[PDB]
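Read the single chain below, which is given as C-alpha cells and is the form solved without the named molecule.
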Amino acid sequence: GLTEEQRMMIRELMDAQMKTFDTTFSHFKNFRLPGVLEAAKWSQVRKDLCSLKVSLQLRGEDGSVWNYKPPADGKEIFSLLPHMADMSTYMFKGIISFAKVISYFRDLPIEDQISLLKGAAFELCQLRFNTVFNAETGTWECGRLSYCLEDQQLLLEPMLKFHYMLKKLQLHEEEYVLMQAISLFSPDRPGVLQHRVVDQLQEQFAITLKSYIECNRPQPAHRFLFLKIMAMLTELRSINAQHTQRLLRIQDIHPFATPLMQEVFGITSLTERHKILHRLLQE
C-alpha cells in the first residue's frame, strides 16, 4: 500500500477539501446578475469573450427557473463579468482556506504563501470546477446555479478541451485533491523564495498520487494514469497563463475585477501589495 505518512497526507488534503469546498454552492449568495435591460485593444477583447459564452440558469427554492441567454456581439460583451467576478472571488476564498488548512503550507513563509496562492488560484478553481462539470450536457452544475455552454468547435478552446479531457479520466476525490496540492506547491511560481522546500513538497504529493494510482487501481489498464494527470496539470498551467493575459486585456478597457482578484492578477513588498490576501491568511 502507501506509507502511513502518505495515508496521513491524503487525510489532511481530503479534510481540507471537505472543510473548504462548498460543493453545493449553498453559501454563494449576494452575487451580481446581468440587468434586465484603442480599436485593436477592443478587437482582442471581443475574441477573448466569444470563446467562453455560457447561458445562466437559476433554479429557485419554490421550483421556478430563471434562465439567461447571453447577447450577441458594443459593450454588451461584458454583461456576465460582474457575476463571473463574484463567482471567481467566492471560489478564490475557498481555495485560500484550502491552503491554510494544509500544515505543509502553513509552515511556509507568508511571502511564499502569497506567491503560491497567486500562481495557483485559477488552476485550483478549475480543478474544483471540473468536479461539478457535466460533459454530457456541457454544464457546470453549481448547486442551484448552472452554466451551460452555448454553440468540435468547442474542443478548439483549450479551457473547454481541458475539462472534457480531465472529466474523461474519471478521477477519485483523492486524486483531484492531490492535483490541487501538486499545483499549489509549484516551486517555479513567480516570487517564490523557498524553491528547494516547495519542490520537495511537490515531489512528495506527486509520489503519493503515483503510489495511490498503483495501489488503488487495476495495474495494467491505468499504467499511465499518473503521467496523464501530470500532462493535464502542465496544460492547466498553460491555460492559467493565457487566462491571466485575457483578463488583463479585459480589465484594461473595462475594469471589473474585485479587490481580491486585483491582488491575485497583479492589478493596481508582496505583503504590502497583497494586503487582502495577507489578512485572509492571518485570520
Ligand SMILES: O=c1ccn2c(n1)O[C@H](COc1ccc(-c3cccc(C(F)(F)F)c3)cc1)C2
Contents of the next structure:
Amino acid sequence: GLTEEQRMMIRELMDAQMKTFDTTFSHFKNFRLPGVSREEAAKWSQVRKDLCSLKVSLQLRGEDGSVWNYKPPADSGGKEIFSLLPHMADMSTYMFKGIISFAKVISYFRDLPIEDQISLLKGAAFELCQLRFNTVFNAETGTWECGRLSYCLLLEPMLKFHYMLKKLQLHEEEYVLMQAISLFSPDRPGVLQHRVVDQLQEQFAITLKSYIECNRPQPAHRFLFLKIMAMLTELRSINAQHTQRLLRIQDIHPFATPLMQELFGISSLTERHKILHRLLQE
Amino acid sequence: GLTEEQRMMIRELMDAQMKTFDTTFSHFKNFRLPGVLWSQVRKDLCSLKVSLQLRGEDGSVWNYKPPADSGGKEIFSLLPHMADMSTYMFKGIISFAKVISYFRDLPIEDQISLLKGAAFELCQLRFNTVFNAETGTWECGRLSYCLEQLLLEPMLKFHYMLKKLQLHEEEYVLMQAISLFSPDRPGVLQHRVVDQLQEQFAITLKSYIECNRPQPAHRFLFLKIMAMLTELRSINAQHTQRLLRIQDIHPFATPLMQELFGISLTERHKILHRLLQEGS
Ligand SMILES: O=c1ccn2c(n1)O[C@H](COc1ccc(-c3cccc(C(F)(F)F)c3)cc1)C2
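Now that the form solved without the named molecule has been shown, please provide the structure of the form solved in complex with the named molecule.
The complete assembly is shown below, putting the previous chain first.
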C-alpha cells in the first residue's frame, strides 16, 4: 500500500483538482466568437504553417437543443485564419486561471517563495492545461468535449500527444500526479529554490510510482510509470514548440490576453507579472 | 411578337426588378440571430422548420440547427431573424412598386392598400427565384435556409410546384405585377383603374408565353400561372393568420410588419407612407 504521507499527498491534489477544475466548463462565459516586406512575408509564411496545424471546428450546444457550428476558412490571402484566435485566447485564459487556482490550494506550492510560484506557473501553465484538456478528449471522435462547447479536428505533436496519453487510460489520481510533477519542475527559467523543488517533484514521482504498483495489476502495467514520464517529456517539448508559434503570431497579429502576455513574456519578476501576482495573492 | 406597348411594359418591369432586387442579399445586415446559449401555434412553426447557414466572405461557415420542439419558447428562436429578413424583402418590394409608372401615379392611399395586400405575395415570388428544389434550400447570397409529407404544407408545395414550371424572369415579374395590381384588396378605391391595369399585365403575360414557349412541356402554362397566383393569394391569408396567432402569444414582428399585417390609411401606416414619399 501507499504510505500515509503519500495517500494524503494524493488527497490534497485530488481536492485541489476538484475545487478548481470546472469539468463541464459551466463558468466559461463571455468569450469572443469568430465574427459572423521580404522579411515580413517570411514572418507571415511561418505563421501560416503555425495556424494550419491549429485547426478545429467549433460546436455550440444551447440549453433549448439548438446547435451552432463554426467551420474555419481555408487559408486565403491573409487575416481570415486569425478568426479563431480571440476565442482561443479566452479559452486558454480561462484554463490558466483554473491552473493558477489549482497551484494555490496546494500547501507544498503555497509555501514556496512567491517569485518561484510565478516562475513555476509560467513554466508549466500550458502543460497543465493540456493535461486537463486530455481528460475531456474523446479519442474516437477526435473531439475535446468541454461542456456545451466542442472542439473537433496525427503528425502534429500536440494531437498525437492527446491520442497517446488517452490510450493509457489514466485514473484521476494519475492525471493529478502528472500535473504535480509538471508543475514542480526545478529546471524552469527563473527558479531559485532548485533544490527544494526537485525534492518535491521526486516526492510526487515516487508517489506516482507507488500508486501504480499498488493499484494496477502486476506485470501488465510494469512500465506505466515510465510511459507517463515519457509523455511529460514530450509535453515539455510541445510546450516550447507551441510558445514559439504563439510568439510569432502575436508579433504580427496581437491576440493574447493580458494574463497570457504575462505568462509567455509578451524591473523584477513580480513587477513584470502584476496580474499573476495578484491572482496568487488572493 | 409582342406589341410595342407590351415590349415596353416588360422592359419597365424587368428594369424595376433589377434595380430593387438584390439577389446576392449583400446589403442585408444587422439582423438578429438565435442566441448562442398554443397548440395551434406549435403546428404552424413546425411545418416550416429550417436550419440557417452563413458563409463568411473568407470561406468560413456558421451553421445553426434549430431545437427540437420540447415544450415551448425554444420554437421561437428563429423568429426575430425571419422578421428581419422579411422586413428587408418587403422594403425591396416597396422599392419595386415605387419605380413602376403605373403604380406611382396611383393615389397614395391605394399605393398603401395594394402593398398591404401584396407584399407577402411578392416576397414569396422573389424567394422562389432563389429556391433550390434539389436541396430544398433558399439560397440568399451568403445566407441559406434549408428545410429540416412536406408538400402537405401549402407554402412548401407552392414553392416546389412553381419551381417546377421553370419560369423566365419576365414571367416572375409579370406575376409580381399581377399580384401587386389586385383591384380587390381591402381599402382600394380606384378598383377600376387597378382592374384595367391588372388585365393588361395578364394579357402581356399570355402574349409573352405564346411568343416564347412552343414546347408541349409548356402547354397551358399561362393558366397554370394564374392558378398559382390564386393559390398564392390563399396562402397569403393563411400565413397572415398564422402570424397573428404567433404574435399574440409571442411578439416578434418589426414595426414595418405590424403595419403591413394590419389591422386615414396614411395615419396608421407612418413607415409605409414615409417610404412611398421617399425617392427611389
Ligand atoms: O483552447 C484549447 C481548445 C481546445 N484544445 C486545446 N486548447 O488543446 C487541444 C488542441 O487544440 C488547441 C487549440 C488552440 C490552442 C491554443 C490557442 C491559443 C493559445 C493557447 C495557449 F494556451 F497556449 F495560450 C492555446 C491550444 C490547443 C484541445
